[PDB]
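Visitor: One letter stands for each residue in the lines below.
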Amino acid sequence: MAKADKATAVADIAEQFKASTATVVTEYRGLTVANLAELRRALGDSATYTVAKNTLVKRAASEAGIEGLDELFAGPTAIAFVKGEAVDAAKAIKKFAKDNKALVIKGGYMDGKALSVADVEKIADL
Amino acid sequence: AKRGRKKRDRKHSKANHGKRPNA
Amino acid sequence: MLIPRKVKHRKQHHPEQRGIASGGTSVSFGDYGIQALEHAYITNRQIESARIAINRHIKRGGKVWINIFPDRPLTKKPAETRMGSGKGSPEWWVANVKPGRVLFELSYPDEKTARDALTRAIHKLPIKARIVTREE
Amino acid sequence: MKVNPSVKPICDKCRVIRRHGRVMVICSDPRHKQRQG
Amino acid sequence: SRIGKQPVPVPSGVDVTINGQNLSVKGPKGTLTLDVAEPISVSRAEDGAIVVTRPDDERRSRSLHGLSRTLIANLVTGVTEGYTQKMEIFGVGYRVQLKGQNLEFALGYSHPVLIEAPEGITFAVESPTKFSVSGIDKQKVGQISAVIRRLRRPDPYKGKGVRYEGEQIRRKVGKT
Amino acid sequence: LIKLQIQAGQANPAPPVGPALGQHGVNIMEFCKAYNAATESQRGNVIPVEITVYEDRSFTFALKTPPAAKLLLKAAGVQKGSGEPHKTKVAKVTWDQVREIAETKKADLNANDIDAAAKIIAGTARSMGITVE
Amino acid sequence: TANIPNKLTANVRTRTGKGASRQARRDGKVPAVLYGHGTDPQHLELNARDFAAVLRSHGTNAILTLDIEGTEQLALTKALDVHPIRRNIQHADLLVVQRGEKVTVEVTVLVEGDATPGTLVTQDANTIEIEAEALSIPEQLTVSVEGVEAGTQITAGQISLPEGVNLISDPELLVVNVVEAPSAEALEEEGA
RNA sequence: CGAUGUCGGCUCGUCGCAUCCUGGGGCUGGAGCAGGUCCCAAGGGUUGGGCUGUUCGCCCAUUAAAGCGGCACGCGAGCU
RNA sequence: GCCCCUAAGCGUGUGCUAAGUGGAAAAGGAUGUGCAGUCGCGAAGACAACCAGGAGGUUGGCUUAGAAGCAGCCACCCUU
Ligand SMILES: [Mg+2]
Ligand SMILES: [Zn+2]
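Chains as they are written, first to last, in this note's numbering: chain A, 1 to 126; chain B, 1001 to 1023; chain C, 2001 to 2136; chain D, 3001 to 3037; chain E, 4001 to 4176; chain F, 5001 to 5133; chain G, 6001 to 6192.
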């Protein structure tokens, strides 16, 4: 990868975050691309599922007050934006995690706030 | 040819300056 | 197996191995070439072997030039003969090669097999040689 | 064990090392095992 | 270098000392000493560790740095935890058992081959085909392991002989 | 855990299915009869089957859609593919057949939209050397 | 199109001759001579490393500006003497040029693209010469060989040129020749 | 050239290893028996006859094997 | 030429060699080492190791007994 390609990635993630009301960070450890294809089927209809460099999303997060999510990037990070609504991705992710036992709900982001696993599950319960 | 080789290489001394009779 | 059609004089003094080459020192028809780093008479059997080796490693495509032609004859006396009684009879054809001379020339699409064929040819020659290319 | 003036890494698993002042080629394939001598 | 710059941590249950170049470590499993190369300086990190330092940068010092660090780590591990290695025997009619402290093998020879137990090494056979070699020193454990392993010539056809725990030998086919 | 492509109308083949099915403990006859019943209901083309195995030796057959290459062959009307793809063209396909096969690959595939399967089948036709029009 | 001249420092030779030139080359310098329409040959010595860097970066016909004891002089590399074995530079002929002067210089021709898989591309003329303004000599000329079938000849007149450059050598000079790939059997009788 | 006796055989050896046997190994298109090839190794051993002046060679019986060479093609003030 | 034999320096300063190279040798083979110079990537985390993946289409077609990403020829694509 090059610096220009990396910067294009930063701009793309920045615009994707600007285009989404919420974002949820989870874990994809021990997942097969078949499972990822199923998740993409179940999400891309309404949501958007992405993965990138943790540091590159750190550079994409310096735009708005989302620098507080850097602590949640320790380990693999899967980015799920919500272009339609804000909770369908959270519910689908939680069901996928319960089904595969391989996805650990790292965190979320709501109303300009970074929440814990329990808070995100409560919000999904709302 | 060890004998001839030894003589012809002995030509290469510092005192002989790289030349000797019968080379 | 290259032999001149005719020569004006069949028996000649040996070619001189003095100095370095002044003509044919750059690659001109192909993309890569073989350059000599020593003085040596190079016979037509050696040229044949090197040409065959390059052709074998290059297979279908590519074109090969031989800028060196063995037109200088060497003679040898019949065996078990004392000295004297005239000069021998011509039975080798060689070409005098000075350092800086570009011997063979290759034009092939890919660099790896181009250089590999050139090395295969070099291993059949009696000289130290290197591979050169058009760019300075 | 092949003992020749020339030793080379026949395959992609061959490693060239130097033991006790001798150049050797060591491979998981015993055929490819060779030393310089 | 990169190995030489990572200090070894020292658990609480092991006693260490530095007497010039010599170094001795006492632990639950026993006492083991070491003497290190002259250019290399060994110390005691006050935070409960050992720091190795090469004052120069030449090849000899750069090589001894990593070697010294790894030997020190092995030294602390040997007394803290101990080393053990297991073997399995393959082939029909091949067995093993303890004749007291010694090891007795049945490898097809006209006589049974007995393997003596050197100092600091203790065997423990659990199955007539599976046993283990344990000890406090990694070098001695590896040596006795190799000597036991070479008791039969390699057999690429049937595989009969002594193997390590997870070793995958090479095999071929004799059609005739 | 093996997969195969096999003719619909006949069971117990010699080359492909026999030995591979055998070395997996699958009952040959019951699979043959069930596959023959399903493929006589189908009666379109040959069908690919995936073999899934269990510890109780029970066998489950996975029957997918007719092969895309075979569907393109029937749509182009030719039997054997072009020996020099992109260098000699044996037949031409209009977008109706390509889109029918695209719907087939949508039903059998992960594609979100029929356009993805249409371009997949266009790539298949490129691989065969068959023009898509 | 314009090329910024490359800055170089040159010192007048105190002593000229074979031994003096050998000494200067031993100190990593390159002797050279400067002449031109002014009719006044000046004998100089240039640093080998920076001169080699300039030539490597901007081809074999590079515009230079020479600081000779504070005087700035524009020059163009007319010719280079290279030892065939050591491939160093032994001598350089620098031509005095001013702005708005037409010169006739070789320019290398390189080919790019990919022709038919069943064809072999042969380049007959490594370099061609053109008439161009001294400050706007093109670094190189390029001929694209794509979609070229069987025996097709690309000559000098068919070479695209920048604006303000004139091709002086005749257009019939064959530069690139595309031919059918020689068969495996056709390589066994050429050269015997 | 005011003389350095010449081929085979006998007798007596002595040295090299480029090893024939015995000894130690690596890779095998090494299942075993038996091999093939390469590396190490000179301690000892390395047969008797038919034909030929013969060296050499072919052959007959064996043997673990029936090694290759240098020493004025070792050795005639030792023999023929 | 200058440690002792053997007259005069186990001379001074700055580096190199680990081969007794010095104190014999070729084509060629080689992660020996010192110096000088180019090009690639890299804290927006490079290389090595490690963990998790590395699919579906589809076994792409010709071709055979066979062709399944890997006897052989061709193009050599699409989604996530
Ligand atoms: Mg050569
Ligand atoms: Zn190998």
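Hints listed in this document are in silico derivations from the structure and should not be mistaken for laboratory results. For each residue, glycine too, the CB sits at the ideal point set by N, CA and C. Certain hints may be false.
[To be verified] Over 10 Å on every C-beta distance to chain C, these chain G residues come out as not near it, computed from the model:
no.	residue
1	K6007
2	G6019
3	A6020
4	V6054
5	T6060
6	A6062
7	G6070
8	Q6090
9	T6122
10	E6188
[As the list claims (entries may be wrong)] Heads up, simulated SDA-like pairs for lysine to any residue below, C-alpha to C-alpha not over 20 Å straight-line:
no.	chain 1	residue 1	chain 2	residue 2
11	C	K2063	G	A6192
12	A	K83	F	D5113
13	F	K5087	G	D6114
14	A	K91	A	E121
15	C	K2112	G	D6114
16	C	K2059	G	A6192
17	F	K5106	A	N35
18	F	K5119	A	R41
19	C	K2059	G	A6184
20	D	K3013	E	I4169
21	F	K5087	G	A6115
22	C	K2112	D	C3011
23	C	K2112	D	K3033
24	D	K3033	E	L4151
25	E	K4160	E	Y4109
26	D	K3033	E	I4169
27	E	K4099	E	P4154
28	D	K3008	C	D2116
Visitor: Indicate, hint by hint, whether the structure satisfies it.
Guide: Checked hints:
no.: 1; hint: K6007; verdict: holds (22 Å)
no.: 2; hint: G6019; verdict: holds (20 Å)
no.: 3; hint: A6020; verdict: holds (23 Å)
no.: 4; hint: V6054; verdict: holds (13 Å)
no.: 5; hint: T6060; verdict: violated (7 Å)
no.: 6; hint: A6062; verdict: holds (12 Å)
no.: 7; hint: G6070; verdict: holds (32 Å)
no.: 8; hint: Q6090; verdict: holds (13 Å)
no.: 9; hint: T6122; verdict: violated (7 Å)
no.: 10; hint: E6188; verdict: violated (6 Å)
no.: 11; hint: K2063/C - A6192/G; verdict: holds (14 Å)
no.: 12; hint: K83/A - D5113/F; verdict: holds (19 Å)
no.: 13; hint: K5087/F - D6114/G; verdict: holds (17 Å)
no.: 14; hint: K91/A - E121/A; verdict: holds (9 Å)
no.: 15; hint: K2112/C - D6114/G; verdict: holds (18 Å)
no.: 16; hint: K2059/C - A6192/G; verdict: holds (17 Å)
no.: 17; hint: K5106/F - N35/A; verdict: holds (18 Å)
no.: 18; hint: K5119/F - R41/A; verdict: holds (19 Å)
no.: 19; hint: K2059/C - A6184/G; verdict: holds (6 Å)
no.: 20; hint: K3013/D - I4169/E; verdict: holds (17 Å)
no.: 21; hint: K5087/F - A6115/G; verdict: holds (15 Å)
no.: 22; hint: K2112/C - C3011/D; verdict: holds (17 Å)
no.: 23; hint: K2112/C - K3033/D; verdict: violated (27 Å)
no.: 24; hint: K3033/D - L4151/E; verdict: violated (23 Å)
no.: 25; hint: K4160/E - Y4109/E; verdict: holds (13 Å)
no.: 26; hint: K3033/D - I4169/E; verdict: holds (17 Å)
no.: 27; hint: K4099/E - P4154/E; verdict: violated (26 Å)
no.: 28; hint: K3008/D - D2116/C; verdict: holds (16 Å)
The structure shown violates the earlier hints numbered 5, 9, 10, 23, 24 and 27.
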